[PDB]
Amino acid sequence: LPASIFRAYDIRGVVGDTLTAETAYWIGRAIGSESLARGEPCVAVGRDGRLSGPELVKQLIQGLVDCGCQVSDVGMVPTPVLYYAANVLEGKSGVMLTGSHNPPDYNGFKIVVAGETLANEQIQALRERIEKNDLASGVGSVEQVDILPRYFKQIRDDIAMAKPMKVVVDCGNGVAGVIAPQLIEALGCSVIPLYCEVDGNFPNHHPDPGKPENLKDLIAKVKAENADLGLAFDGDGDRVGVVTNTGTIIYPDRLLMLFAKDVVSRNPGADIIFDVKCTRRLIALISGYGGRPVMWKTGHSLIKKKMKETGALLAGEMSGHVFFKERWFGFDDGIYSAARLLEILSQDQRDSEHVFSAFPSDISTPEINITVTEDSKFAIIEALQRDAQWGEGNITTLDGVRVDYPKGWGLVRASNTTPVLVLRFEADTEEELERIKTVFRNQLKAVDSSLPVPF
């Protein structure tokens, strides 16, 4: 098997190329073996709306079956619906066959075993099982399970909208189209659908709401139709993007402010987790309402683990994964997060533009990317962590180098998947912002004077 498909938080490859049917089988074999080792013979299996789904999933299922596992096949569903299955079915294991937000040819696996979402060394351990033939053998079973109606009802029964809203819903032709428009409607909204037909060719924009260019059609439709809100889901439904009635994009750190206010209001002292890319204003907001802010690493799987470790009721990260434990199950779920957002907004007399603009904000840069090289990217961060002088800033090295100052903050980290440094800066004033940019510019240039620093 190619080692490269075994990534930090999932398995991902190009179907017919680095991910063949044979490899999918051996992966199912590895996962079923790991599940049995943890005392869990019952595994749910789901797939998104990709072209290779209906056939590749059979290999995954056969791999699991050939271990002696009891497979519950939930068919084509959003990723968090698969996570839901692995919470309400007999078994606490689940495999989602998905290529997320990537081009049509990509597919892969997101993996929960006996309640744990696998990351890092646990994903490498699956490959090692295959290479070592450390695999179970048995005669397993397959049961067809229709879980979407249970998921639908679960959400509808617990969400209480206070006023009707008109909402544009952009699914980007991904699998969220099976439920997001119908569920939002059932909550008491009018829904304007955009690209809600499931189509693995992704013939319109690719379903990745983290890139503003993929929100252009959403913003245009919201304004044209005088809608109250726009929502965009990623390909598999574990992420959501948000635009207000005037078309302002609301980033996940700002969405988390609204969610934290609400959750902490019912749950004094609750831990709330966010990643190192989130605004410092979110830290103050959480603390101000009496919650405990916990800053952690970027990365869906890691945030999820941290939630279990801290007992946090809510977590989110800047790419759009939002995790509710309060009233829910603790997994990331763009569809449920959209329902929770609608619940809050419906209770307010203000438009969604003014709900969000009431919150404090720093002056911030956009996210900055600098392309370096695969040979240099981690060493640049190490040099910054080892040799840079940051003055009196609170330095966080959980994930790159973040420095929080009394009036601003800055981050540089290396991308896991590309030869790129990722940066963001904020401050309460322009003067302070420039001071913080200069500290980072200077520290970077002190590592390599030819680094292409664009700020």
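Positions refer to the first chain, counted from 1. We call the rigid core the largest set of C-alpha positions that still match within 1.5 Å between the two forms. Compared with the form deposited in another entry:
Only one of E121, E90, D375, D146 has its C-alpha shifted by 2 Å or more between the two forms once the core is superposed, and that residue is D375. Relative to the superposed rigid core, the position of the CA of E22 differs between the two forms by less than 2 Å. In a rigid-core overlay of the protein, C67 has its C-alpha displaced by under 2 Å between the two forms. With the core held fixed, the Cα of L384 is displaced between the two forms by 2 Å or more.
Got the form deposited in one PDB entry; any chance of the form deposited in another entry too?
Here we give the lone chain, stripped of any partners or molecules.
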């Protein structure tokens, strides 16, 4: 199997190129062997709505079965629903076959073994098992499990909206259309569906709510229908995007402000995690409400590990992965997060635009990406960590280099899904934004005067 599909957070490739039916089989063998090594024969398996789902999922399941595993096949579900299954069924292991928000031919695996989401050297360990033939053999079993109704009822019965709302829901032709519109209506909303038919060809916009262009249709519809809110899901339902009644995009770091207030109000002193791409305004806001802000590495699998380590009641990433432990299970879930948002908004007399505009804002860049190489991105970061001078500031190197200044902050880090450096900048004023950009531009050029600096 190609090494390149074994990534930091999970496995991902292109079907017909780096991911075939046979590699899905051996990945199933490897996961089953690792689960058994951790004492867990019981494994849930789910898939998203991609074209390659049926072909690859059968092989994944056979690989698990051929270890001696007891597989619970939950069929076509959102990623969080597979995570739910791995929390409520017999077994604490689960595999989701998904290509996330990527183009149609992409697929991959998100993997939980005996309660832990695998990352980094644990994903490499799977590849290594296959190479070594360090694989279990046995005669396992498959049971079909219809888990969606349980998940639906679990959420519906713990969410208590105080008034009706009208909501536009954009599923981007991904798998969130099997439940999100239905569940949101059942909470007590009217729902206007956009692209809620599951279609692995993704013929409209790609289901990636992190890009403003993929929210254009949602914003227009919210305005046309005088809706209270717009919601967008990514292809597998573990990420959410939000638009107010006036069309304002609420980026997930500011969504987390509302959620943090809510969670900490019932849980004094609670740890709240956010990734290094999130606004500095979160640190102060969480602290102000008496929570403990914990900044951590970008990447869903890494955030999930960190919530175990810290006992955090809530986590969020700038990409829109949001992780409730309070009243929930601790995994990222766009659908559940949407429900939690609707609950909070429904108890406020103000419209969603005014609820969010009350919170402090800074001037922010769009994400900046610089393409480098897969085999050099980490060395560039290492060189910056070794050599760079940032002036006076609070320097964090837990993921790349982030510097928090009195009036703003900047970040440079390596993506773990693409061969790029990722940068963000925010500040109180345009002048400070430019000062910080200049510091980062000059430190990049000091490492390699040939690096693009497209900011």
